[PDB]
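Participant: Fit chains B, C and D to the known structure of chain A by using the hints.
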Amino acid sequence: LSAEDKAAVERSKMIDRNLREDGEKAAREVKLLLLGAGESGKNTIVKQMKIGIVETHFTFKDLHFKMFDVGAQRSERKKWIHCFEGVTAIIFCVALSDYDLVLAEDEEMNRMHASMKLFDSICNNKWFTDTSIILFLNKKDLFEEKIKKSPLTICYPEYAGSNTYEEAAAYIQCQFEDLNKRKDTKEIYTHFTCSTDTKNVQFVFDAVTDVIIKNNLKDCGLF
Amino acid sequence: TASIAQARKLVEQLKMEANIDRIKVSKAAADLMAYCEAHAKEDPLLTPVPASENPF
Amino acid sequence: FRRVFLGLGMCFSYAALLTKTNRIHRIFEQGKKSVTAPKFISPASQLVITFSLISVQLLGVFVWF
Amino acid sequence: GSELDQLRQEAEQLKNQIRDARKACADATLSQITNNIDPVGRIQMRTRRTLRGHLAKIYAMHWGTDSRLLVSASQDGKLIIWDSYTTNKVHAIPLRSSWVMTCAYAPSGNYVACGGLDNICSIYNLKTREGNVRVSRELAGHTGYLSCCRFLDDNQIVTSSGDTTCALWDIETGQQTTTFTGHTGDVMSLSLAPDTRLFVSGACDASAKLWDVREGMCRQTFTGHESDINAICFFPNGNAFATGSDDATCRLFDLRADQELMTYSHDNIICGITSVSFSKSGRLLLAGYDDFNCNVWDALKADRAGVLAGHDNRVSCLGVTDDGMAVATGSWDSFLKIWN
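Protein chains in written order, with my numbering: chain A, 1 to 223; chain B, 1001 to 1056; chain C, 2001 to 2065; chain D, 3001 to 3340.
If you are wondering where the hints come from, they were derived from the structure by calculation, not from laboratory data. Any given hint could be a false lead.
What the hints assert, rightly or not - In silico DSSO-like cross-links for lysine-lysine, where the CA-CA straight-line distance does not exceed 30 Å:
| id | chain 1 | residue 1 | chain 2 | residue 2 |
| --- | --- | --- | --- | --- |
| 1 | A | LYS66 | A | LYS25 |
| 2 | C | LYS2032 | A | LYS47 |
| 3 | A | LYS79 | D | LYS3337 |
| 4 | D | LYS3337 | B | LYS1009 |
Stated by the list, open to error - If we take Cβ atoms under 7 Å as the criterion, some of the chain A residues that face chain D in the derived model are:
| id | residue |
| --- | --- |
| 5 | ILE15 |
| 6 | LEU19 |
| 7 | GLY23 |
| 8 | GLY52 |
| 9 | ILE53 |
| 10 | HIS57 |
| 11 | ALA72 |
| 12 | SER75 |
| 13 | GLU76 |
As the list claims (entries may be wrong) - Stretch by stretch, here's where chain D covers chain B in the computed footprint (C-beta under 8 Å, at least three residues):
| id | stretch |
| --- | --- |
| 14 | 1008-1019 |
| 15 | 1042-1048 |
Backbone N, C-alpha and C fix where the C-beta goes; we use that ideal spot for every residue, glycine too.
For reference, chain A alone in the conformation it holds in the complex:
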């Protein structure tokens, strides 16, 4: 082996060392996929987490998150959805103050029905069979102020319940957690977000920590 070849092997070993260090660094970060409707309050939640694709790094209690967002990607989701098979969790927003509205100029489509359809598609996808979901049900104050004048019968014909923030919110929540047909592999963490909530980072921290511990226990065959 010539001296030049020895120099080449030296350089290759340096490159391998650098790549190993970078991979070990990248393996310890939480990767989140932020999904939701355009007007579902994604921007406010993004703002209160951090104190084509848009990336937002943020740290909480000595742990790191990257939090990818794909809202501005108007194309077929089946083509690029498999790029997110190995993410830690999926965050999904609903915007409860949408049960008496219409979208996409269809003029016969409840916004919340479209949200349920999207949730059903994402939850029962082939690439996401063991990925937990954090469901934020936000704009609850508008729901509280609105529920008096308009009942839930516009969005749900069968309600058999009272018009109060105590029972309608729970009714909407039990609708979304009943579309999950994989109850023995994943779970849904539901939280009610609002303006100046300031307590959503900790909820995400708790959910992701539980997810990590459960994954590690399942790998050991200990769960």
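Facilitator: Here is chains B, C and D on its own, set in the frame of chain A:
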């Protein structure tokens, strides 16, 4: 307005497509069935190469 | 047989207990700090650790003999 | 209203003229002419090199002109240049996006391009006086994810996007000289002609199109599939190309008789095709599938000629090299394998 413009654009595109000089399929098949015979001996994926050259 | 087997059962039981409790502690402690699973949490590695701790007593008994 | 119907009716009339003119050209089938041809023997290739170092899914690769140097793009945020002869690593380039889908190696060898899920095609300079690989230009203008890019020269590039359009760029000024429109569905791949005069593209509308590099016009459109087209490549002559789809089939199209010639299919495969490349003679057609395998077909007879099985996940990219020696596969299992 946009729909009629799209329709006219498709009409022009189809009329440009439908005026090609198309040869019959036997000629194309013979033309491509003869390329391999001309370049068979220089392709080592189907004919193995002796271990002398074999960069790998 | 008396010399070898007198303290072997207690060693077995308590080495196994120590290894399993350590596994649970490490999992639930590093679960709050990194995504990556802690190293050596698997039946093979745990058995290796347990039988190394037993091998200590076995070698001591050998020196005694 | 009425003239909308008139335009539609003219459209079906033009389609009918196209189809019966096509049927007036089919003397026989490729199987009829190639009925009596010396069968290709069984190909038994074995892996010779194994390139390790990537830590995530690999999404694209491209061979160099010299047939030694290689480029690989992974979702780990890395673009790696390999010396295949010695397995050595020549350059490691960090990526700003890490959501790459495509990469390319320039004919001159001084430039490398990459792109994906950022609507930007990035160009890197390999030969610099400072001794490091730097960004030369960031091409922007697409409104959808990049799917494939190819170099024409040092100063000309072509890109395809998920916004259903293609583009030609001059790199000194970084502007779109020509835009190619059509393809009502998402574009997935493109292939350049050997004379760099035309190029073909495949889309999610289950159709392919042939474009002229100058004049920005579409000349021929080809149909025949039941689902999305994922890969495309030219036959070495330059008078035909091949496409692979999600309907678990491959097909071959000629240009002078603008219709389908042959379809490669079986009953044991139900998964789609991710990549397609030709050999130097054109007698062999290589295709990577979703069942972790690579299948080698005989183009003139359409029979299974070989299977390559050494991968633990989906095979995503192929390359055949300019002098015909080695084939390279890149897969989701983070490894590149070279076969001969």
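Participant: Regarding the hint that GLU76/A lies at the interface with chain D, is the smallest CB-CB distance below 7 Å?
Facilitator: Where the cut-off is 7 Å and the nearest Cβ of chain D is about 5 Å from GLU76/A, the hint holds.
Participant: Identify whether the interface hint at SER75/A stands, where standing means a beta carbon of chain D within less than 7 Å of its own.
Facilitator: Where the cut-off is 7 Å and the nearest Cβ of chain D is about 4 Å from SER75/A, the hint holds.
Participant: Taking 7 Å as the limit, does the beta-carbon of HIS57/A come near enough to a beta-carbon in chain D?
Facilitator: Hint violated; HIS57/A Cβ to chain D Cβ min 13 Å, cut 7 Å.
Participant: Regarding the pair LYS3337/D and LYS1009/B, is the alpha-carbon distance no greater than 30 Å?
Facilitator: violated (47 Å)
Participant: Is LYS2032/C close enough to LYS47/A, meaning Cα to Cα at most 30 Å?
Facilitator: Satisfied, since the Cα-Cα distance of roughly 24 Å is no more than 30 Å.
Participant: Report holds or violated for the interface hint on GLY23/A, using the least CB-CB distance to chain D and a cut-off of 7 Å.
Facilitator: Hint on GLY23/A: holds, closest Cβ of chain D at ~4 Å, below 7 Å.
Participant: Is the Cα-Cα distance between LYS79/A and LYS3337/D 30 Å or less?
Facilitator: holds (25 Å)
Participant: Holds or violated: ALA72/A as interface residue toward chain D, Cβ cutoff 7 Å?
Facilitator: The hint is violated - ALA72/A has no Cβ within 7 Å of chain D, the shortest such distance being about 9 Å.
Participant: May I ask you to test the interface hint for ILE15/A with respect to chain D, counting a Cβ-Cβ separation under 7 Å as satisfied?
Facilitator: With a minimum Cβ separation of about 4 Å from chain D (threshold 7 Å), the hint on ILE15/A holds.
Participant: Should the interface hint for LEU19/A be scored as holding, given a Cβ-Cβ cut-off of 7 Å against chain D?
Facilitator: Hint holds; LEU19/A Cβ to chain D Cβ min 6 Å, cut 7 Å.
Participant: Cut-off 8 Å, C-beta pairs, minimum 3 residues; does the coverage of the stretch 1008-1019 of chain B by chain D stand?
Facilitator: Answer holds; 9 residues pass the 8 Å Cβ test.
Participant: For the stretch 1042-1048 of chain B, count the residues whose Cβ lies under 8 Å from any Cβ of chain D; is that count three or more?
Facilitator: holds (count 5)
Comparing the model with each earlier hint shows violations of hints 4, 10 and 11; every other hint is respected.
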